[PDB]
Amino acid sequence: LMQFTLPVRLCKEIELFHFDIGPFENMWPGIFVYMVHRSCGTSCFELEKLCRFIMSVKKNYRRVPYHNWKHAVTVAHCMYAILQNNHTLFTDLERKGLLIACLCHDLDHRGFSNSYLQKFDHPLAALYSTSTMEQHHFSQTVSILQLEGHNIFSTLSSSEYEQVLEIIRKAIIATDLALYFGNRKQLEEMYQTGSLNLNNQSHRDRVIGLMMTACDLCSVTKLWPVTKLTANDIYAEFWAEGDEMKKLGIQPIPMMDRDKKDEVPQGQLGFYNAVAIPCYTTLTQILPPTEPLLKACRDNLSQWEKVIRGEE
């Protein structure tokens, strides 16, 4: 009979797509449990097992500027908002799996791209030739699920358990942005030719994949000061990777070169036009109640255009 309850401002604003989880790290576990209880049920998980899983998940995120515990909870919250605005579209197992997938999707991230691991010749690049970090994040999720007292799915049948772990594997792999372009083109063609079918499992997979991209990129759907300050954390990682590329004797791409800071605003416009806007446009076509994400992304594109015009 033990609910989590949040203060009034958080209780109202957590329901909105643009919610920022705030700088009080100690409230993030409670925020997550709150979201599971409302999006899944107070019966989905044994509270003591869920609490122990969340805290081991936190321990296995590193102290990097962007790909950290705050990012994990932020991406889970965007998924909560999508699930709560599309009540009847998702199965019981999907509601269970997807918040967990989001919390776990960047486990043990080091702040480097798949490219850098391949050029450094990191051991993970030999074990997983494509989607290198994302296969590692899924591997870290299964490890934590198998620690004593951490199996939050213990009440599922053997076949349901296999199905949830397959939802999580696919959802985590889909956060490889290299895979996003092709997934979105197929979804665009399917929706427009009217072949899109939510009883087709391979179609559900693609739609859940696009949801993962949308949640993963959700800093672009926040209030402008959140968007702008999150971008600083993103580039702090990229520029450290650029420095490490120069240490291997390789000129990084400009996105990762701190000498080319001046070009960030134009790089943001390219990213909004080539990745974010098309992501939230297709998502809105498939799931109309996600429209607020697209509207917020377009507002932030317009703020980056003001930056370029020297209006800020």
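Between two forms, the rigid core is defined as the largest C-alpha subset superposing within 1.5 Å. Residue numbers count along the first chain shown, from 1. Only residues modelled in both forms are compared. First, how it differs from the form deposited in another entry.
- Of the residues 15, 25, 20, 299, exactly one exceeds or equals a 2 Å C-alpha shift between the two forms once the rigid core is aligned, and that residue is 25.
- Remark: 1 to 9, 22 to 26 are the runs between the two forms in which three or more consecutive shared residues have Cα displacements of 2 Å or more on core superposition.
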Given for the second form:
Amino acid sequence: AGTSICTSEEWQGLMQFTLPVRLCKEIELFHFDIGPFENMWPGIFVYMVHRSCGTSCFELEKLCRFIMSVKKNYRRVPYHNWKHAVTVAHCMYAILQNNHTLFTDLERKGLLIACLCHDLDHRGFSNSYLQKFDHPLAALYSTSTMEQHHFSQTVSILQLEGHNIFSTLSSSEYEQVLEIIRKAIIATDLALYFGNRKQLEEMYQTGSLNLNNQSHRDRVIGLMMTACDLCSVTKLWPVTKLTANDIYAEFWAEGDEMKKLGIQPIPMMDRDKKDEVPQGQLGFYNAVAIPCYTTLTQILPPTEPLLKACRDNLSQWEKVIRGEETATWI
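I've shown you the form deposited in one PDB entry. Could you give me the structure of the form deposited in another entry?
No partner chains or extra molecules come along with it, only the chain itself.
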């Protein structure tokens, strides 16, 4: 019920936060893992907004209120949580820093915010589940069900007193940024990714791809969102493997619910089918992750380290399948 709002203590605390100096260098890198720095996550987001967009892009009080309320509207689910949000935002920061002048000031601020917000109020259930069991959300949002909800949650947070970080934009730019954010969040529906990547691959290979063409821009931005959403697969192996544990924890909980409603879940969501996970990851990397980072690297050459890391992780899943895995901690 309702939108959660941070405390005075929470946002005033973030305002006074200072990022440890050693992390300034690390945060610029694609492979940076926020994992070991939980207390710093909101501060890391402020830092990234300030470096990409400028210290005066948003009023500081409103930005800190906005961030801490965003955190409060992520649920305590195993994967689609606050940590995922900040991780996705950091990948976007790294893509933007490496491609800075391709994107307008409006796009950069919109996208970093879009990434922080893109899974807002996720309940640990897939679009598949919501539509199968006719959740009210599936009635309201016929396609891209959770993503339309996440966007709606974003707008609800902006509408809280003192939270509207975009108010100082012209009426035209304000409309433009909300549209950038809407399209970006909707694009995190993996259903849409397959069509988008295919089209972009075609536009690229024929050389019709043109970033001055708004519809092309929207599609490139869409693939950036996919690349950021999936970036757990671009980290160092132990990080990728630990995150995969959280992804599956969520899946198995959904699968358990389906069994109670008389439907056998897909194997991926079946906790009694963990033997199939390594092959399932192989499938996911071959079908989704590798093609994504492949096309993204063609369009944005500086993103190549995402693709190299993804390939290294595919090799690791292959090693698992062959029985070559070494000691793992969880």
